[PDB]
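Generate coordinates for the entire structure from the input sequences, incorporating the hints supplied.
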Amino acid sequence: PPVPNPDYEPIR
Amino acid sequence: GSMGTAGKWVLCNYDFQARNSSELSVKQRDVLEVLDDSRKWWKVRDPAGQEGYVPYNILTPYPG
Numbered sequence: 001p002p003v004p005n006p007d008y009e010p011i012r
Numbered sequence: 001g002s003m004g005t006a007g008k009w010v011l012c013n014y015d016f017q018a019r020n021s022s023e024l025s026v027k028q029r030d031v032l033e034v035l036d037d038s039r040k041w042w043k044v045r046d047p048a049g050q051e052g053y054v055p056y057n058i059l060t061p062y063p064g
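Top to bottom, those sequences are chains S and C.
Residue numbers for the first sequence, in this note's numbering: 1 to 12.
Residue numbers for the second sequence, in this note's numbering: 1 to 64.
Among the hints, erroneous ones may be present.
Quick list of simulated restraints, FRET-style, between CB atoms [claimed, not checked]:
1. C:37 <-> S:1: 27 to 33 Å
2. S:2 <-> C:1: 31 to 37 Å
3. C:1 <-> S:4: 20 to 26 Å
4. C:63 <-> S:9: 27 to 33 Å
5. C:3 <-> S:5: 32 to 38 Å
Calculated Cβ distances over 10 Å to all of chain S for the following chain C residues [claimed, not checked]:
6. 20
7. 39
8. 52
9. 55
Calculated directly from the structure, the hints in this document are not laboratory data.
By construction, the Cβ of each residue, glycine as well, lies at the ideal position given by its N, Cα and C atoms.
This is the structure:
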């Protein structure tokens, strides 16, 4: 099950 | 031109595609330079010169 919980401080 | 260490080498177990500017497009059996490893998504760089985030699930600690 790849693509875990969303990461903080994005590049957008 | 390698001035000093900061991360390590990690192999891709699986393939992925960059669906946004925050992320990258990588394939299984490739190795990438990590830069940050403190969360669910690691900051790495492709051998072509591109930086962004990839899921730690597809990354594995490569012995070099």
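Here's how the hints hold up against the structure:
no. : hint                     : in the structure
1   : C:37 <-> S:1: 27 to 33 Å : violated (20 Å)
2   : S:2 <-> C:1: 31 to 37 Å  : holds (33 Å)
3   : C:1 <-> S:4: 20 to 26 Å  : violated (33 Å)
4   : C:63 <-> S:9: 27 to 33 Å : holds (31 Å)
5   : C:3 <-> S:5: 32 to 38 Å  : holds (33 Å)
6   : 20                       : violated (7 Å)
7   : 39                       : violated (6 Å)
8   : 52                       : violated (6 Å)
9   : 55                       : violated (5 Å)
Consistency with the previously given hints fails for numbers 1, 3, 6, 7, 8 and 9, ordered from lowest to highest.
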